[PDB]
Amino acid sequence: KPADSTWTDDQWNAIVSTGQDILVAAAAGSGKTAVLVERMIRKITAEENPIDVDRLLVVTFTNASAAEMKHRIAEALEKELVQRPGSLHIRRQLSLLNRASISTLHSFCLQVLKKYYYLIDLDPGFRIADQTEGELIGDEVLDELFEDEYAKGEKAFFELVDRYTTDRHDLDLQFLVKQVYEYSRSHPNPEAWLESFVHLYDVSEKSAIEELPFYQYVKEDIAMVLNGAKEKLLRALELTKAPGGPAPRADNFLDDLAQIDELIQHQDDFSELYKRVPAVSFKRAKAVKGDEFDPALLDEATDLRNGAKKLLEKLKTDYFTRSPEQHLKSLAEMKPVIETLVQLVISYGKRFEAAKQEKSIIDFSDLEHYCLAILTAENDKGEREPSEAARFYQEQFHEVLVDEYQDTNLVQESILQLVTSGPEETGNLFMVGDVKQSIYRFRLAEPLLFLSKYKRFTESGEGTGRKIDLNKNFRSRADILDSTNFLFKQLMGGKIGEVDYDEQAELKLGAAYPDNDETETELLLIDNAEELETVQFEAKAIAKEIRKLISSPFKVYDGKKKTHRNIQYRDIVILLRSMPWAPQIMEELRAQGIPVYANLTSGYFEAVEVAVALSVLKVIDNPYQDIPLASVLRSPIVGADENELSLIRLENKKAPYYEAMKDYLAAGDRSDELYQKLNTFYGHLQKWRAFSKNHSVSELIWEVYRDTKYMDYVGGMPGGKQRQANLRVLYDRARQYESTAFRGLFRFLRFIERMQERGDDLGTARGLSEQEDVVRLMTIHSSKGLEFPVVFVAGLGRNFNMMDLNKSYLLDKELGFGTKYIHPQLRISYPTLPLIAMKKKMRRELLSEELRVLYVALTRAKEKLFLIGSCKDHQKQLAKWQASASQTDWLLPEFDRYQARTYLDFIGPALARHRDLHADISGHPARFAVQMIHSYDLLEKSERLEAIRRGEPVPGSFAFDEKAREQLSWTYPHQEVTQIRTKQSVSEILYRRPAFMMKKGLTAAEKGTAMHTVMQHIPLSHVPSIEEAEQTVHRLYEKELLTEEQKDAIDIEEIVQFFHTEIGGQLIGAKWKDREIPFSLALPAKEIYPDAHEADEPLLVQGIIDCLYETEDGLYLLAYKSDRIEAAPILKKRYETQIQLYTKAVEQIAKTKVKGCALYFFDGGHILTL
Amino acid sequence: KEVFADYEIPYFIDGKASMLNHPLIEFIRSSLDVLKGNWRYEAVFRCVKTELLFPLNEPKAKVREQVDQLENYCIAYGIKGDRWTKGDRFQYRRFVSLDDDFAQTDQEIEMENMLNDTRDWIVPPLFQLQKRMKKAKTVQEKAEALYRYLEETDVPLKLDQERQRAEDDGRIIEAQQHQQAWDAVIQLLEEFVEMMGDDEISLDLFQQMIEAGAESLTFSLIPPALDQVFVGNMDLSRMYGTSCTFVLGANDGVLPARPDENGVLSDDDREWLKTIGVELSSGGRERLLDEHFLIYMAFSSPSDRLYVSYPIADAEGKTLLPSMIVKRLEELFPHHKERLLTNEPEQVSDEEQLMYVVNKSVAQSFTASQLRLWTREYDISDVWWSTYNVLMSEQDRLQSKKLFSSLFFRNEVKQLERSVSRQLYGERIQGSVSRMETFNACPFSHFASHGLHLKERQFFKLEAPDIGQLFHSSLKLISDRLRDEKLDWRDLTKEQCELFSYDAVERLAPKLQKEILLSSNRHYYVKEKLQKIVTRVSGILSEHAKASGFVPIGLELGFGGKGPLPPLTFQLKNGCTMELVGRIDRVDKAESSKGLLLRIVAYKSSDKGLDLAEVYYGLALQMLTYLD
DNA sequence: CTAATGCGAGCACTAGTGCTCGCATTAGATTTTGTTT
Ligand SMILES: Nc1ncnc2c1ncn2[C@@H]1O[C@H](COP(=O)(O)OP(=O)(O)NP(=O)(O)O)[C@@H](O)[C@H]1O
Ligand SMILES: [Mg+2]
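Residue numbers (the deposited numbering), protein chains in the order written: chain A, 5 to 534, 544 to 930, 939 to 960, 970 to 1019, 1043 to 1179, 1189 to 1232; chain B, 360 to 987.
Hints are computed from structural coordinates only; laboratory data are not their basis.
Relax, there's no trap hidden among the hints.
Derived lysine-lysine pairs resembling DSS-like cross-links, with alpha carbons at most 30 Å apart:
(1) B/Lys677 - A/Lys119
(2) B/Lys493 - A/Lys1053
(3) A/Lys666 - B/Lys873
(4) A/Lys557 - A/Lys568
(5) A/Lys675 - B/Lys517
(6) A/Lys820 - B/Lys820
(7) B/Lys719 - A/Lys993
(8) B/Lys888 - A/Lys159
Using the sequences and the hints given, assemble the complete structure.
Structure, rendered in structure tokens:
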């Protein structure tokens, strides 16, 4: 149904369209997420047939994006609630929003495991391990496996080890297995992918190179460099035509061309290239002499020709220093080694899973894979049949919505395909995303998955899935869109970038912004001309410009609905590729009053407070560690100086430092200051020592802080806020780890130690929350899907992380495991053809993604964009930038873009042809502000202070003196009774052996209670005989009021004797009788405790009176005792206070007097009166 | 618990506390782990550190120290498994020198005795438990084994003593919980044998059941006192006559709480079972709806005052969102101001900063921070100057003074006094080029290393220096053997190189790093690797000898000490003398027209050579010293 | 990687002397993205 709105027709299309799988493809800021939300809201708040929120699955990959969707859905939902406050449905939905399935796909996976644990080998009470504890378990099993393999001593294992390890140790093989395993975990069927390794090595001498899959990437490479060389020479040829240009060398170049063209005719024949490429020679350059030739032009042509040479020699050394037959031979020779690796990795995985199952924990990886295992019933090589659980979720979910779909790998796609209902042609899958923002190649998130569906689908929803393009941007000012577009028309292509940045793909203005004078995109290039790391210079430039934006106020347009907002620090955001630069940036920005926030994951353990507090914990665990002990002693916790330290050492040179400390204490006199330090500390040590064995780690930590005031102290030194923060999270992290698998000091410390020992870290604590008004530093990945008024992008001169390209092996999704030929005995190694192939493939895949990463970064901005980078020399780099940009096509040369190592190698030459640094290119509506910054340009006595140093009060009068004084002297009026237990027992006013270790029953208490039961149950109408007593006992045995052993432990004579007594007779003959009388009595606390108060609550004393009877004389109390006798003054005082309690209870509560009390003892039938 | 301890607020928790921190439970669990994992390091010392194995009536502090040193020994020597139970006396050496002799010292003997004496009371009760347990087939006899293990080690008496120590120190609540622990354990065992006593079960499952049962164990409720704050929950807690109520953590997902569908029957199951007439417990939908009643009862529980608070961030910094009831409250009371709660007093009014000064410790804590902030040119409230002055008028102003000395804290070191330094390094500094290089890197590092002799904790692990010593000593052995057989490096064949390298490494392997090269199959291979290296090196040296005019005069030629060459002496103005002693790797002589020529060759396990810059700054001084 | 250093060879110019060509080695350079509660 068509409806009037603010929505674009394409958007409305995506909101209302239904009936099949739907894919919405659109550039950044198009409203893809907005549309997803509104689609939901419309499905929920409908009049005809509304659905509940829990009938939708709304999934994304990142926790942040899921938080965003959750946020938008909530807002929109209650917004709809305002419009119709009467509906029960909408309020119901706002309640259900808690139980709604709106999260990460991993969170959903957790839900699946929790419900359907019984379908797989999983404990219902399973827990998700954290990174380090999981990886530690992995380390253990890997060590165990390796030892087992060394024990077997199989030749193949040694053959593998010898090749992928050093001459001294085998750690590299360890890292290899870890890496291969981890990579395999991104495939829907890891072991199958591993088992597909060898097919790459299954060649022979009779094979044809060009018919092998990997050769594809070889084929491309050659084609690119040869053409790249041709393209170079042609320019050297065109330069011969220029007025200054050197005419003669034309005949040289045309020869070279003819040779290079000769190579191009045989690009598809590798075996022919092997003959021709190493046979190519460029004839000696003809000398051009005279003043007719431009010098620069001569040199320029020379440079280009030499470029061609280099390209060929690189090509030759890469592929043609070995015959194709030899390449195939080395490859095939490597096959057995690969098989051993595969079986090794497979064993590790199996053993690894076993280890985790034992401790009932799982990876993040186990989330996806176990979820997939649950959702499948039958699995025929990819064809997965939905199990019962899958069918449940298919029914439960009416539609599955996926945002940022370009981050979906094949595993997640498997899961979605199992939870969706119907085929593609009639499914309930709704996905939005953008191939240009595909930036998770390390997760095997494939652009190909998006692109395939996009090519299969049609704009009409007939016969297949429906695809919907959105062209309009509603997020940024035209400054940003234009700078972006101008940059990526020149950088992102199909070859490098993997995406054609055509007109359909360009950003198109659709948001109305009242112009500003300074909104032009800035480029700050910093130089190293004429002891600060370059990140610091960069950070200075950032901070300077930020304060420039603060000094001249900035205007923030709430274009969504019409209102201005003054710029807050909140509005500015710094984006980085990676966070190792972040701390040094934060320090400099904090040093300039600019509030900074950043979610860090490293640097925690190098903070001195942490090293110190940890040292304390270690010393408490084991004082016989010289370095932690010395650390604690020298720390402000004790404050021993270097002299006092060496003084401790002098008492005992050979022994441990702890021994020496003990000796100093043993010999020192209590008048020494050093003695006092050490004695106080030692007392604390012993106290903490005892403490930790009875309390948790966290209680210990707080107690340490309490006794040392180290956290307080640390709050008073430079960086106090951060330091106190660090100690605080030491406590909280102790809390979490205690609760998980590392309870107790020894286990905790061992965990921390093992964590650091394998290079794992934790982030420094944070002070200001993310919500607060702060400049946020974050990764470009984290920012995906979000928007900010101002955006800095820093570290553009930083090299791309290309470490993977330099190892002896390489992992490839398509091709598997490529490696060098290695011979452990011959001591030689060289790359095989598939290794080179994969290296080329990987390089261009990496560069493509880095390009996309940049696109995400630049498209984050709403109004302002800053590009900051660093180089050695301005002029030299500008020369390099212009020497690539003379071409008139938008897209820069493939080979040149392929050669990029930093972001500036991209942005540079793309910016060169601009006016600010062909009316189509230079007359682009893009405005760039270039600053060519240099590194260098970016860079008493107080009465109270001395009063504080002297330990003296500051002189003066202050408004809060009297109140501070009174509050610090205050004590709680009722302090004394705060620890007094309310409830008290009459008694109040042994480590037993187990049952199965002792003889058969019949104890004193047993028999005593067994008699007491009879006394309270024997009829009191008349005096009973032995027979009647035995009869009562028997009835109590058949009512199960008395166990068999209880029954047999009865002295009938002893109880019958009581009824022959005087008190017993008077009991039988009474007006009124009662037994087993429960009572509670309220005694004012002063009576039991001195210092109580009339206001202070009474204590409650509780007990049970055995018997009470009333005659014509008064009320009498009776109690039974099984006390050993066969003694009267002793028993009298033994129960005196108890009897007084009973009497006072009766007197006070019943408001009646009590005349005479009696205690009957079964042994000998004694009766004493009180 | 902690915060209210600090602010001196008495409380009662409407909830029982876990026993999992008690020494008894950990003793039982870790003992079972000692049996199951075959005496792993972590299990054994988890067990020992609970101190219930400690010899009766021995000084806890002393026993502790002895255990500590045994622990360091077990880490250093990789002690695990039947190595504990075999009886083979633990042997102890202080220093690793491949050249030196094995012979022990007085100290090393004394130490070895101490280590073994500690071992001999640690192993038997544990080993006996391992015996009985293997023998026991049914649940009851394993329970019998465990209990007798507790009884033989005198656990009841140790607990009793502990309890009395706690009572004496006024920690009565902590004192009762020991008996509670024993009784819980005994009950657990009792029920175990009552249900499954005669059934034959495996150690694995027996440990599983003991573990689960222990994981459930809980201490009794602390009995209420006459005057405490009641801290409890919102579904079970009951109160009467409440005047002021603080409702905590009004966060989204927490209050109202997301229901837990954990259980065998799902919401759909319960719903459908409800439709067929079966009434079970509530479902997620219903519980989530009933949350409003719970909230209502909480909000309407006090008579005078109601506070509703919520945190915006978790302890890790992650954002926490307000629950809907905060907005609901803003609606019902639109002119009510929301209060801020922060530990940064400079963000609230003076009057609100004054509320922070509740006692000496808290006031000290905050005053320190405020003083720092003040030195950052912030006009801190007068609250804190008043607070400061009171703290300085107090009788123990010295403690606060020490606290506020943090204001002027810089990591300063005091230069050593003449007497002390002289006494520490001695009258005559006996050192090596290595030591001088350390000093040139950082004087403090030299102080910690050669002044305070701070040793780092040793591990059963093959590091680079040890390998280096192996290489050096190996080449030496081969060299001496070559002179013995009238052979020269030139006259070595491939077969000979391999044989000599193998034999040399073989000799040195037992001496290196507490026999670690013999400790595993993985290490056997490391050993073979090292042998391959020595072999190739022998070959290379052989080739070089055939092409050099230099002949080695001396190999591992010691200077100073008691070796051939005399030391390099220096006269220091204090009268203190500095003597540098060591060992040159190789010295070569060669005749020439210029005269006699000497060169120095060093065997390095690295690729780089000599940096003249490092020589200038005294970081690389060995080679030129040897040449000198 | 890449950029500089030096040493030796040849090819070409108008036999010696210039300068391109090629080889081989140090020297300096560089400092990951996410998934739970
Ligand atoms: N039709 C519209 N009219 C006005 N504003 C709109 C419209 N559509 C979207 N917006 C706004 O434009 C901005 C961009 O929307 P958004 O949903 O983030 O697009 P996006 O495709 O998800 N961006 P990205 O995730 O980077 O690809 C948001 O502030 C939307 O509220
Ligand atoms: Mg989006």
